[PDB]
Amino acid sequence: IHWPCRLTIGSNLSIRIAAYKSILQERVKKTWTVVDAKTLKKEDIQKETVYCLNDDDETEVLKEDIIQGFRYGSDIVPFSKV
Amino acid sequence: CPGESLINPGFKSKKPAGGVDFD
Amino acid sequence: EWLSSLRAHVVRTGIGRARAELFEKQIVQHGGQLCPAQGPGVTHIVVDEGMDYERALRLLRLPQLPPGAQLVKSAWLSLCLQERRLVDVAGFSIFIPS
Amino acid sequence: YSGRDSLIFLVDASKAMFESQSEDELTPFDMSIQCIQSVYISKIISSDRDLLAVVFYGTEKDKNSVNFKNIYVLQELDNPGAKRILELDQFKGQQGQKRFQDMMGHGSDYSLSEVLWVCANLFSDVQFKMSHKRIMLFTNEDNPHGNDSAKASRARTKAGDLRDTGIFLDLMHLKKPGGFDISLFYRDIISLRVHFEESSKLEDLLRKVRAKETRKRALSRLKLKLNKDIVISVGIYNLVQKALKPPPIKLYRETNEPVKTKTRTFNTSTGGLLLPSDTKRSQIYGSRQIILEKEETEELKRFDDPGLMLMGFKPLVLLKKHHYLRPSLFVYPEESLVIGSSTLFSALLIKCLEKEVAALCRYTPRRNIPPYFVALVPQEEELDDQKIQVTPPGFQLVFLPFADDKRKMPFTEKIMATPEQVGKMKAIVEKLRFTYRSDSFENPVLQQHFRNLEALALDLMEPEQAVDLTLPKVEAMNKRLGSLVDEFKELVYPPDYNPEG
Amino acid sequence: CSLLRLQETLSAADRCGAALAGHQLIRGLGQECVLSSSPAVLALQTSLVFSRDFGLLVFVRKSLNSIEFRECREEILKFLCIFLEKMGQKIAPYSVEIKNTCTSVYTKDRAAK
DNA sequence: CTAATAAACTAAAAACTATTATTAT
DNA sequence: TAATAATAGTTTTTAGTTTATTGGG
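Protein chains in written order, with the entry's author numbering: chain L, 245 to 326; chain M, 180 to 202; chain A, 39 to 136; chain T, 32 to 222, 229 to 538; chain S, 10 to 122.
Any given hint could be a false lead.
Quick list of in silico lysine to any residue cross-link-like pairs, SDA-like style, CA-CA up to 25 Å [claimed, not checked]:
id, chain 1, residue 1, chain 2, residue 2
1, T, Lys526, T, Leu508
2, T, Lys279, T, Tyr369
3, L, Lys286, T, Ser314
4, T, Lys297, L, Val294
5, M, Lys191, T, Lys282
6, M, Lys193, T, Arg244
7, T, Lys297, A, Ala56
8, T, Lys253, M, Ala196
9, M, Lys193, T, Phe478
10, T, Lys510, M, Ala196
11, T, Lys463, L, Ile261
12, T, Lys331, L, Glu270
13, S, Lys122, T, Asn110
14, M, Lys191, T, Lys424
15, T, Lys468, M, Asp202
16, L, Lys325, T, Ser77
17, M, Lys191, T, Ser33
18, T, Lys299, A, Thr51
The set of hints was computed from the structure by calculation and includes no laboratory data.
Required output: the full structure, derived from the provided sequences and hints.
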């Protein structure tokens, strides 16, 4: 695919352009999946991720009751996403 | 030492980003 | 429909939500109809591996264990799931202090 | 290497720093407070790994283990934190200095020897790998203890003691209506103009600095082989690394503690927990999918041991410079395992610079990784006006594409234009020429990320505006050119064709 | 003997932060270890209930992320190792509570470390 | 009538200390 | 009879997915 756009010079000068990726380190589209040693299918396999309050004796944490944060100074400041 | 970051030893001083100055 | 003889209860605590709903749909499909633990008619209680009797009591707000309800782990029911017929709860019963 | 760093800040408690010759001007106390907050936040952004402290003296109260009078520490040597920033912030302003004078003492006599002693003591109270010394001070008086010459003698004695114990100090000019007049008591007890003014290096402190400046660290310890047995100690570095936003720190809703992550796989039909051994790599090509395990997948990925084997020599002009794949790397000679490798490095760089030929070399960065072909681009050592290097010596690392990496392009022909137009925009570019410098273009988007971050951290009244430099000042160029753009439009474009569709 | 005073001080030595308190803790623990390392016939009996109360204290209080408590944790695990190796099988009453405390330590917030 | 893809995202491995068992007698 | 040599434990890149984000037909 290409990039159809417009060159910009100041405000009064512009040229429509179609940029193309000349050289790219191509990567295979296909990646290895995970299958059972016996079922040999992804259907039996069910990976999941668990979040729980490690401090308060592994108390389960809702996937919507979870917030990001950032280490500001010698501390992590609470901070949301939206 | 001149030319070095007074706030950071072992590192040079950095002049603020200026952008452009046409001739 | 070999599980239609099971009126058990599933606990969200200690059980993954996807795991919990998978167990729910599996037991409903095979005829097993769930009932509340604090209510009667509980054949088994689906809890995690490391559940404690008093911890379960304070989790479900039960002063005493429900009648006929066995504090069994998910391993036994999963087992019965792959070989399609029931197994005894031996090796899956959590001790109840008096 | 050099480990943690310590920066210590000293301000006398006296009414001189609470007052100014012009009340429009800041008080020395208030300007020092705002400057120290600025450098604190700059260090938090930049190199928060190090250690900082806050300590006062000359007050009506003292806080220190030594119990020296009027010597009041405020923050000990610790990595800076937002609570420290705010607890030093409320004392800024007129009301801040008023509440400071209220709850905190201000204006008394003391000794410089005792404050030096306690600051050295608290510096010693750190059990970290120290890197450098920085003990800042702030005073508008050059003779604070000339009343007692014995106090001056013991002060210079303790200064000699610190400089013997590998401690380094520094002095900041504060505004003096009579002139600060250095060398009256300094330039001999410490390690020019009398400086009625104060700005000597504070202006470098007030300007916002936002970076990470990764310390001196080797990218990889690598062993180079020429044919089969020539062993060379080489060290790979990078002069550039892509700067990224710090990762989000996932944490709880209410308590906001960082929740740990548990990841597991369990059966669907069985419902029971799966095992890592049961995991098998699978891909579906055609009708018959492929069953595989991971370990042999990286074994297939495993080709050769890490190392750089010389694949020959090619002049620098033969390679087409537009062929790049990655930020270029930079190698430096080493003498850690192999002794004398630097002699070889010098000889080869001299010979290749004489012969202006690159050195093609097969590249293997890490074990069980696919090898690659790189050419060695020599680099000289260039000094500045003060003979400080601006171009490091050694070798650049260029990356050559494979056949498949070159994407096919749609056919393009050669089209000629009038040389009149060529000279026209030659004049245009000559109108708007300048010289590129690498220290003037940052990512203002990351800067705005940080800006919002301190805005939320310190509850700043406004989200600090990112001073973007990527936007052109279109009005200036349009003013400079004006009637040349439409001249181009008439010369080249038909006078009925808009550039838009 | 003095181990009562020492346990009282250690229970009183974790009020503030001031990780020098942890240094006092580790030095102290060294002294109680060597004092009870070689009892004759008697001090072991008091040392058993001292271990009881100390395990209680480290379970209920030394249950946080402070490294001044972490170093105490490793040193007292080694210390209990050498006492139980010396004391043999005579700590049967404390076995199940030691197991509960040790399982808690594995499930402790130190699991991030 | 169905896409590379930029950014986000987690994973994985090296580098630099980093004391800590470890033989000799 | 009692030493010193391997030697893990934090940052920090970086590949490895993943995604949610367009117009393609």
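Tested hints:
no.	hint	verdict
1	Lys526/T to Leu508/T	holds (24 Å)
2	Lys279/T to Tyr369/T	holds (21 Å)
3	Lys286/L to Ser314/T	holds (15 Å)
4	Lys297/T to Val294/L	holds (9 Å)
5	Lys191/M to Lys282/T	holds (23 Å)
6	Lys193/M to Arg244/T	holds (10 Å)
7	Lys297/T to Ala56/A	holds (19 Å)
8	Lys253/T to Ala196/M	holds (24 Å)
9	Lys193/M to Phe478/T	holds (12 Å)
10	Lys510/T to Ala196/M	holds (16 Å)
11	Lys463/T to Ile261/L	holds (22 Å)
12	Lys331/T to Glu270/L	holds (22 Å)
13	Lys122/S to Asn110/T	holds (21 Å)
14	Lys191/M to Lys424/T	holds (14 Å)
15	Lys468/T to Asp202/M	holds (7 Å)
16	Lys325/L to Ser77/T	holds (23 Å)
17	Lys191/M to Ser33/T	holds (16 Å)
18	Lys299/T to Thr51/A	holds (15 Å)
Going through the hint list in order, the structure satisfies each hint without exception.
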